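**Q** With chain A held as given, fit chain B onto it using these hints.
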Amino acid sequence: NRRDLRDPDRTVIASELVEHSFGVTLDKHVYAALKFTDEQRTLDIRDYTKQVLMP
Amino acid sequence: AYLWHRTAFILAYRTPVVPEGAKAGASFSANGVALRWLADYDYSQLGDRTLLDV
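So the sequences go chain by chain: A and B. Letter 19 of the first sequence, counting from 1, is numbered 19 in our numbering, and no numbers are missing. Remember, our numbering sits 55 above the position in the second sequence when you count from 1.
Looking at chain A on its own, in the form it has when it is part of the complex:
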């Protein structure tokens, strides 16, 4: 603050120290899910690593 020098009133405006904050939340669940019948897994899958896991 500023006040006039040699001012008849001698009051001072006390300043405030306010700490702020914000929250960071873990709030999402990203997933990839696959369903294979016994026929699909037995007959239609050949590698399962370059055909299921890599995709």
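Calculated directly from the structure, the hints in this document are not laboratory data. Among the clues, some could well be false.
Under the rule of at most 27 Å between Cα atoms (straight-line distance), these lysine-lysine pairs were calculated in the DSS-like manner [said to hold, decoys possible]:
(1) B:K78 to A:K35
(2) A:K50 to A:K35
(3) A:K28 to B:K78
Just a sample of chain B residues kept apart from chain A, beta carbon distances all over 12 Å, derived [what the hints assert, rightly or not]:
(4) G76
(5) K78
(6) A79
(7) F83
(8) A85
Listing some non-contacts, in silico: residues in chain B with all C-beta distances to chain A over 12 Å [claimed, not checked]:
(9) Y57
(10) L58
(11) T62
(12) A63
(13) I65
(14) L66
(15) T70
(16) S84
(17) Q100
(18) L101
(19) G102
A virtual CB, placed ideally from N, CA and C, is assigned to each residue, including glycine.
**A** Relative to the frame of chain A, chain B by itself:
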């Protein structure tokens, strides 16, 4: 009574694979046919669940 030549009738068999999510797996033969044995636990009914299949 049925008379037939060997080539009259075809039987095809394919043993299922045991997937990556099955706890127990094995294989058994029924007259030369390779079967797939698979066990699963049923927590809801507190017991095991087996399955041979071809």
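**Q** Could you tell me which of the numbered hints above are not met by this structure, giving the numbers in increasing order?
**A** 3, 4, 15
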